[PDB]
Each structure stands twice: as structure tokens, then as C-alpha cells.
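Novice: Chain by chain, the residues:
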Amino acid sequence: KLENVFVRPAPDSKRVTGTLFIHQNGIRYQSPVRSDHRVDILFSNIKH
Amino acid sequence: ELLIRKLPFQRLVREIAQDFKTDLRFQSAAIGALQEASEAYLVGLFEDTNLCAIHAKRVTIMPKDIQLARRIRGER
Amino acid sequence: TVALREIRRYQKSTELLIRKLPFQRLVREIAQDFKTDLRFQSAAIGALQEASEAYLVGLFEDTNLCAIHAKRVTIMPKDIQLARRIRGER
Amino acid sequence: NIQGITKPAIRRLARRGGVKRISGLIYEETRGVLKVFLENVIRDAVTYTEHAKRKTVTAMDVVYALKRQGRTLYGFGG
Amino acid sequence: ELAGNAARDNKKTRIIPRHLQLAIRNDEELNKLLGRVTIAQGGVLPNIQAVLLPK
Amino acid sequence: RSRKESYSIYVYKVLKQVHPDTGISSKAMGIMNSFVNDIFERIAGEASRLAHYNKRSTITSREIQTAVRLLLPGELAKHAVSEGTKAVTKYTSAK
DNA sequence: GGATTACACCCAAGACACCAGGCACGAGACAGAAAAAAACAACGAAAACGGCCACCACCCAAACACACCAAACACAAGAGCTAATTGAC
DNA sequence: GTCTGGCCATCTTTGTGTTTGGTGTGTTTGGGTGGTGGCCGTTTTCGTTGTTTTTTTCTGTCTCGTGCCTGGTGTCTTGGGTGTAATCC
Numbered sequence: 001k002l003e004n005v006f007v008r009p010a011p012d013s014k015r016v017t018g019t020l021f022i023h024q025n026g027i028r029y030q031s032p033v034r035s036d037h038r039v040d041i042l043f044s045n046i047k048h
Numbered sequence: 101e102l103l104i105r106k107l108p109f110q111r112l113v114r115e116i117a118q119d120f121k122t123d124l125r126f127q128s129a130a131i132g133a134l135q136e137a138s139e140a141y142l143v144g145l146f147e148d149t150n151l152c153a154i155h156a157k158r159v160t161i162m163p164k165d166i167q168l169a170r171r172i173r174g175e176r
Numbered sequence: 201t202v203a204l205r206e207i208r209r210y211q212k213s214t215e216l217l218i219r220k221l222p223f224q225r226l227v228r229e230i231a232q233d234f235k236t237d238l239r240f241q242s243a244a245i246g247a248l249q250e251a252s253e254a255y256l257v258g259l260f261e262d263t264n265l266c267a268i269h270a271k272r273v274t275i276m277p278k279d280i281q282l283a284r285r286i287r288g289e290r
Numbered sequence: 301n302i303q304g305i306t307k308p309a310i311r312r313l314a315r316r317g318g319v320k321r322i323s324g325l326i327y328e329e330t331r332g333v334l335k336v337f338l339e340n341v342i343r344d345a346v347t348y349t350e351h352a353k354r355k356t357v358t359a360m361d362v363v364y365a366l367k368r369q370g371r372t373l374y375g376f377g378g
Numbered sequence: 401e402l403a404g405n406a407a408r409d410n411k412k413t414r415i416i417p418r419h420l421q422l423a424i425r426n427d428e429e430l431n432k433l434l435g436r437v438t439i440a441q442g443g444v445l446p447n448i449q450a451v452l453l454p455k
Numbered sequence: 501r502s503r504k505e506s507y508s509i510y511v512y513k514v515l516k517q518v519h520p521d522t523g524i525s526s527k528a529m530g531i532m533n534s535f536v537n538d539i540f541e542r543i544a545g546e547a548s549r550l551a552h553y554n555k556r557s558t559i560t561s562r563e564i565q566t567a568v569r570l571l572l573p574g575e576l577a578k579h580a581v582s583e584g585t586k587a588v589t590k591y592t593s594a595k
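Chains as they are written, first to last, in this note's numbering: chain V, 1 to 48; chain D, 101 to 176; chain G, 201 to 290; chain U, 301 to 378; chain A, 401 to 455; chain X, 501 to 595.
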């Protein structure tokens, strides 16, 4: 995990720090303020 | 190739020259040099105006951009 | 409000706004890259400081003009770069 | 020695220039610009000094170097 | 002449570089003539932009 | 010792001619001397360039007048030419 | 027994500037048929530019002269850097 | 309490002046040529005219972009509040 990270584009108008997690087939950004503002990115879909 | 028409420019130059001394003659190369300098100057000014307009997040150049450019250049 | 108080205070005075020793050390550091064992008359450093501050104040005035043109109170590095490009410096 | 130009000094110079709010990168940008200016001016001055076969940089060298750039300065013997 | 006027305006009987700078930058023709010169200890004219003034 | 020339006494005389009850600091006298030298250098360089354009070996009052016209703005140039012509005629009329 | 009271100090809020998204109305680009005059060529006339030859006043050069201009530093004092605040509002 | 002023109790070396004297400008005359003036040539600049056709123009139409309005952030500072704290009957 990588803590205290901002994401662009922001999933909500409010800029909030989150934690980035490495999983088996991708990465997950997860905001501490709301569980529903998760951003999942698969390794297969990353180009660069 | 020059963009302003040659004869209208000649008439403009003569009209402006008519204030400083009456009935002056001009060499053709003088008018050609004047047109080259004028067009180069205006192209540089439009470059600066485009830079300012892009700075303002726009794409349209407006007279206040020209005014800002001439102010920064130090033009009166 | 203190910003405007300072603006009024500093457009009134004429005294040099950089400390003398830091500027002298900077000048000697820069000069040491062209020729070792160089000496500077104090008036040379004073003239350099006057010219540098006058230059920087004019540049900050142009930067302020650019910032107001963009409709901002805050001057930004892109404003400086634009002013220096329009002057014909970069 | 470029750190000697502190943030308050740049703030003071901007306030005399009429600037009301200042970003955080303005300080580094200004340090770079000042370094370039001083580099050019001191290079010209040292050229003048070497030509005059001196080891000391006089006020005349600085004044002629500023006249060379077009930054004519009054009050230093010009 | 203009520098003496500027120095009297400040109620001083001696001309300093500040009054020379004010006289130069305040006269249109002189300021156009001395457009590139910097005066040591001359300062700047008081000038606050319209949009920066408080509300 | 080092007997180096300046314009300080002349500037002071002119000041007392225009403003009797006003003095001048030394730093401003230095600035005025630098100003006089600068303007002299500009005018002489323009006069030299004009003379070389016109293939003449002499700097006369015509070159000085036209350099003044080239350098100074309208009203300022007009007043300066008036002054110069006045002085030249007054000097030439006498001897 | 139990209430009236003394005391640090934290949280709600106001005033200041900004990035980003949205919405809307108009001003500008694009196209088309029309009026315009630039451009091309021709010939005509002559003001004035480039050259030449003469002739003199003008400026450079000596040489001797004296008075205006330089720095030292005597003598008198400008008004800054300092702190409080007359005067309208 | 805001703000530009007219002044103060103390710092600092400056600013106007007299002075000694020497050098640099001023008078005098002589020479040589640069620069005016005149006279002639002939190129070149203005001037007009006819015919062609590219460019300008007037206008319409639609859409994209400029400008206004909004939520939410960070940031400095002012204010009301309360619980910690506690002693007196």
C-alpha cells in the first residue's frame, strides 16, 4: 500500500487523500471518507 | 509574399508623408522596404497577441491583448 | 490588508531590499566560475544590486500586469515565462 | 549562495512591484531569472576587466556592461 | 525645474535622486526620452492596480 | 592631483538660475553629470552617423540641429532648437 | 451538602482567493453571388538626382596669455532613523 | 481606531563655500582644402488610360466559444462558548 495519495481525475468534486493498494490482477485506490469512491485499475488495461 | 496590396499601401504611405513635407518623391524600394518592415512588425505583434490570448485560456484575440502586448513591449 | 500596507510602504522607500552580504557572496560565487582571484570594488556590488533590483521590480510589474490580464490576483511561474517571452528574453 | 535570496526578500520586491498574492514556485523562478541576469552582466564586466588587464572589477566595468545591455545606470560615474 | 518643483512638493530644499526620478517618470516627454535608464535610489512611482484595491 | 572634470558647477549655476532657494545632494549631482554625459554621447553619435551618411568631414550646427530633431520629441525638440538657434545668432551677431 | 463561582482554551464562523464544471446566447467562420479596383501593360513629361569644375571662407595649427575650474577641507547644517500622533472621519 | 501628514530627540557625514594655483581655453595670425554654388546631363518618378480578373464585400447561417454563475477546497483571523477548576455558605 501507498498512503496519503491524491487521484486525478477525482471521483468526487472534493479533493480527498486516499490509499493505493496492489492486488493480484490490478491496483485499487480507496478513499478513507467513503467506501463507494473506489477506483479499480486492472494490469491488463494499463498501456503505460 | 507580401500580404497587403501594394498600391493601397503606396497611397497610405504618401498620405502619411503628406504631413511632414509637401510633395515628396519616393523610391520604389523605399515603399517595398516599408511594407516588409510593417508586415514583419505586425506578424510579431500578432504572435505576442496570440500568446496573450492563449494565456487567457482563449483562442480569440481581442484588443486588450494587443494593448497588453504593446504595454509589455514598451510601446507608446 | 497587510499586503497593501506593505505595497504602500515599499513604493515609498528607496532603500535596497536585499541584504548586502548575501548578495556579495552570490556575486563572488558567480564570478568565481569565470576567473579565480577577482576583486570587486564595493561600488561595483552596489551598482549591481541597484540594477538587479530595478530589473526584478520591472519584471514583477509586467508579471502583475499579466496576472491581472488573466483575471488572477496571484502571480504564477507561467506568468513570468509569458512576460519574459513577450519582452523577448526567453 | 543562491539560497541567500530569501523568500521575504522576494516578497518585498514583489510588494514594491505592486503584487498582492504570490505563488510558491515564484521564488525558485525568480532565483533562476536573477541568476541568468547576473551571469550575463558579470560575464560582460569580467570581459571588460580582463581587457583592461586588471584583477579588480571596477564600477566602470559594471556601468559599461549595463550600457552594453541597454540598462543605462546614472549615478555611478557614467 | 521639475526636480525643484518635486522637491518643494515634498517640502525639501535640496534635490535628492528621488525627486529626479519623480520628475523624470512624471513628465511624458522626459520619460519617453529617458525610457531605458535606471536611477539609483530613485524608487518607483506609487501605482496600485484597480482590481487589487479592496472592496 | 587627479584633476578630473565634471559639470557640477554648471548644474549648480543653472539650478540657482531656475530655483534660487533650492539645493542639490551630491548623489543627484552625480546623476545629473551622468545624464549630461549620456545625452552628449547620444547627440555626438547621431551627428557622426549623419556626417558619414552625407559624406562630410565636419560636424556643423546643421548636423547638431537635425540630430536634436531626430532624438527629442516634438515640443521638446522644438524648444531646444529654438534655444540653440537663439544662442547661435546671439553669439554670431557679436564677436 | 451543594451550590455559586473562577478560569484555559477549543470549535463555529467570517472574509479572502482559486480550479473546475455547466449553460447560454452571440459573434465569428464559412460559403456564395456581386461590385470593386489592384494590377499589368503601354506611353508622356519633366522634377530632380548624380556629377563636375571653380573659388573662397572656414577650421586646423602654432605660440603666448591669463582667468575660470579643480580638489582640500573649513565651516555650517540637510533631514534619516527613531517614537507618537494634529487632523477629518 | 484608520490614514496622510508636520514634527521630534538624536545620527551621520554631508553640502556650500573659500582658498591656492595651474592648466586649459582664449586671442592672434597663417594655410590648405572642404564645402557651397552653378551648370549640365538623363534616369526615374509621377501621371494617365484601357482591359482583365483576382480580390473585396455584403450577407446569410449555424455553431462553438466566451463569459457568467456555481460548489468545494485551503487559508488567517475573530468570536462565543464550555469544561476544567474550585471555595464559600
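These are computed hints drawn from the structure, not numbers from a lab. Don't take each hint at face value.
Computed footprint of chain G on chain U; a stretch qualifies when at least three of its residues, placed anywhere within it, have a C-beta under 8 Å from a C-beta of chain G [what the hints assert, rightly or not]:
(1) 302 to 309
(2) 313 to 324
(3) 346 to 355
(4) 360 to 372
Ideal Cβ placement from N, Cα and C applies to all residues, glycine included.
Novice: It remains to establish, for every hint, whether it holds in the given structure.
Specialist: Hint by hint, here is what the structure shows:
1. 302 to 309: This one holds; 5 residues, not fewer than the three required, reach chain G with a Cβ under 8 Å.
2. 313 to 324: That given contact holds, which follows from 11 residues of the segment 313 to 324 of chain U lying within Cβ reach (below 8 Å) of chain G.
3. 346 to 355: As far as the segment 346 to 355 of chain U goes, the hint holds, because 4 residues have Cβ atoms under 8 Å from chain G.
4. 360 to 372: It holds, with 5 qualifying residues against the three required.
The structure agrees with every numbered hint stated previously.
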